[PDB]
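2 protein chains.
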Amino acid sequence: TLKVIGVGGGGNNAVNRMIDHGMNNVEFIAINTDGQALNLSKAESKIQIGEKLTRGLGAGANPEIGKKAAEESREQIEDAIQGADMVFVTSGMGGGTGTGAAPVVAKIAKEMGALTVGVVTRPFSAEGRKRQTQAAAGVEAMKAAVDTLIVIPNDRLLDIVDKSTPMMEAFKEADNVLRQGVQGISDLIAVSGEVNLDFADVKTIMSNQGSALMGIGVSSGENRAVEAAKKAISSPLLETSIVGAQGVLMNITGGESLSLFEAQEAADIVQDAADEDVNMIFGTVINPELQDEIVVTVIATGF
Amino acid sequence: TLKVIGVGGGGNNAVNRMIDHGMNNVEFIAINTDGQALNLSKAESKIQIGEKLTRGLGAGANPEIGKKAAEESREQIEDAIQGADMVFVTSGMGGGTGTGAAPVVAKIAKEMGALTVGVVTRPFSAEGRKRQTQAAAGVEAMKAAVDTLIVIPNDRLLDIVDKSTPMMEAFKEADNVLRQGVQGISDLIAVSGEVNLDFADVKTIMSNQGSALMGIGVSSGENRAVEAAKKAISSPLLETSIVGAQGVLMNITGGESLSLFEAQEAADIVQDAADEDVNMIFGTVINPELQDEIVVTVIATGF
Ligand SMILES: Nc1nc2c(ncn2[C@@H]2O[C@H](COP(=O)(O)OP(=O)(O)OP(=O)(O)O)[C@@H](O)[C@H]2O)c(=O)[nH]1
Ligand SMILES: Nc1nc2c(ncn2[C@@H]2O[C@H](COP(=O)(O)OP(=O)(O)OP(=O)(O)O)[C@@H](O)[C@H]2O)c(=O)[nH]1
Ligand SMILES: [Mg+2]
Ligand SMILES: [Mg+2]
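Quick note, the sequences are listed as chains A and B, same order. To get the working numbering, take the position in the first sequence, counting from 1, and add 34. To get the working numbering, take the position in the second sequence, counting from 1, and add 34.
Since the hints were made in silico from the structure, they are not lab data. Treat the hints with care, since some could be wrong.
Copies of the same chain look alike in the list, so a pair counts if it works inside one copy or between any two.
Straight-line C-alpha distance at most 27 Å; calculated DSS-like pairs for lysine-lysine [what the hints assert, rightly or not]:
| # | residue 1 | residue 2 |
| --- | --- | --- |
| 1 | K177 | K102 |
| 2 | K264 | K206 |
| 3 | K76 | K206 |
| 4 | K144 | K237 |
| 5 | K237 | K141 |
| 6 | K164 | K206 |
| 7 | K102 | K206 |
| 8 | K206 | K237 |
| 9 | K237 | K177 |
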């Protein structure tokens with residue numbers, strides 16, 4: 035009676051999240067151009083489009099490919115729609131597959147008679163200008179091919195999460211913040227007994243200082259070192275009041291691939307942000323359970 | 035070498051979170067007045083204080099009890115400190131146990147020679163005026179008994195989570211938002227086949243409307259009905275632009291205890307917020323996996 039079709043990479047991930055969470059009496063269909071990513075989809079129906087233009091590879095962030103690739107497979111798409119009274123076209127706008135194919139997939143199911151509802155997201159502004167522009171063009175194309183369209187701008191995703199967070203889960207977040215503050219110091223000073231830092235350095239930093247401020251920044255990807263350091267500096271506690279810090283304690287924790295040059299980089303970032311006479315000591319921790327994300331946590335004292 | 039002591043209810047929950055997450059080379063101690071809650075603590079060291087004043091019950095949000103209850107057990111507290119070079123006093127300020135005992139526990143370990151570091155949180159402003167005032171008094175007492183004090187105001191917890199959220203986890207949140215939007219409609223209309231709503235009502239609401247806006251609000255506790263409805267109305271998509279909605283679709287999902295009067299209440303809240311000529315239909319879903327929290331999700335159309 036109801037069919038939900040995830041088109042694109044992020045569209046498939048949302049569908050897989052709809053399945054892992056208990057969802058019944060809905061028929062799932064995964065549409066994508068990445069051959070490998072469709073193998074990861076838990077959806078019953080899987081449709082690969084545009085194999086002649088991509089050879090099983092991704093659409094390559096070009097929405098013009100996504101438009102044609104969906105047109106080349108008009109046959110198979112209509113077959114999966116058959117029998118549906120209402121259809122959900124869930125996609126992430128800004129890419130090449132979802133940005134181009136989702137409007138096509140919508141117009142097919144709409145002209146086939148079903149109630150076509152689009153449920154899409156605008157990308158984060160940090161993803162670049164081109165991805166935002168392509169998304170805007172796709173949302174306009176989506177609006178002209180659906181009965182109703184739901185637009186989720188990722189820039190306002192933080193507040194949607196806040197209103198959808200119960201008070202029980204809120205304290206669980208506060209629990210993890212207290213953990214990150216304590217672990218950020220203990221994993222740096224008392225580190226078993228091969229080679230690490232000592233105590234007298236930490237003593238001078240925190241002995242009878244008084245009020246302290248904390249910042250946490252987690253980042254991954256190419257420029258993960260600069261980004262994680264920037265995120266930690268712009269936390270509400272330290273964005274306006276690290277320049278007066280006379281003592282700084284920094285913990286950088288990363289996966290197996292965490293280079294030592296990457297550690298000095300984030301250290302130099304926090305060091306420059308602090309006072310000129312700052313007394314900064316830092317160290318590095320290798321937690322392999324983190325795949326390739328780093329967690330820069332910094333404590334500031336003095337004032 | 036390092037000891038972390040969670041004093042109070044929330045203090046124990048943070049310690050248990052420090053243990054479930056892989057944390058090594060630290061000695062955990064749980065201090066509290068709730069006899070049952072200390073049975074739930076995974077900490078190796080457990081200390082119940084003030085059994086004569088509370089008989090194993092909670093301190094009752096009176097910080098004066100927490101001060102004496104920690105003084106009555108000065109003996110056992112000093113025994114757990116012994117051998118520590120640095121001690122962490124993690125507590126939630128605003129209560130009765132943590133607000134009063136944590137300053138005492140800190141001054142004991144500080145005069146015993148260890149490096150005393152306080153890691154506490156201010157309560158949410160939504161928790162009341164008295165709990166904020168008691169926390170402010172306790173933070174002042176904490177500051178006068180520790181070497182350094184870390185203050186986490188829960189009002190700014192949302193931004194700390196944002197900077198500590200990697201881009202991989204950010205899309206996982208967006209995945210769950212798309213799920214909540216689609217599930218909020220499918221669980222309302224096509225509901226198997228005993229007794230529920232029909233299709234022609236949903237057809238008139240969404241046929242050729244165009245742009246739509248979504249709001250999600252999750253709440254639990256005593257006044258959970260009004261709160262969850264208020265949270266959904268003040269989402270970034272609907273807080274400024276539901277008054278012009280000519281059609282509203284509302285899904286209220288709750289646990290086993292979800293009363294039917296509770297459903298009409300939240301419906302009347304959203305109904306009043308919309309336009310006078312609004313065409314609102316709604317329904318109720320019982321998901322027992324939710325213990326006692328409700329999830330009000332609302333779709334708006336028209337404009
Ligand atoms: N909900 C959700 N959105 C995502 C996810 N990953 C990326 N996005 C968003 O979707 C936009 C486009 O990414 P994709 O959907 O993967 O692009 P695609 O069309 O599937 O991939 P290409 O065929 O190479 O163009 C990005 O700008 C992100 O904002 C995800 O895992 N979940
Ligand atoms: N980190 C964290 N903080 C919490 C948690 N629960 C409550 N809090 C905060 O702690 C403050 C006081 O709550 P509790 O710590 O439970 O008070 P308590 O002293 O342990 O309990 P009483 O002995 O009855 O006074 C509240 O205002 C909350 O803001 C939690 O689970 N984790
Ligand atoms: Mg992809
Ligand atoms: Mg308690």
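Results of checking the hints against the structure:
no. : hint        : in the structure
1   : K177 / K102 : within (19 Å within a copy, 66 Å between copies)
2   : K264 / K206 : both (25 Å within a copy, 22 Å between copies)
3   : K76 / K206  : between (30 Å within a copy, 16 Å between copies)
4   : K144 / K237 : between (69 Å within a copy, 13 Å between copies)
5   : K237 / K141 : between (67 Å within a copy, 18 Å between copies)
6   : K164 / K206 : between (37 Å within a copy, 23 Å between copies)
7   : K102 / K206 : neither (47 Å within a copy, 29 Å between copies)
8   : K206 / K237 : neither (31 Å within a copy, 41 Å between copies)
9   : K237 / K177 : between (62 Å within a copy, 17 Å between copies)
Against the hints set out earlier in the document, violations occur for numbers 7, 8.
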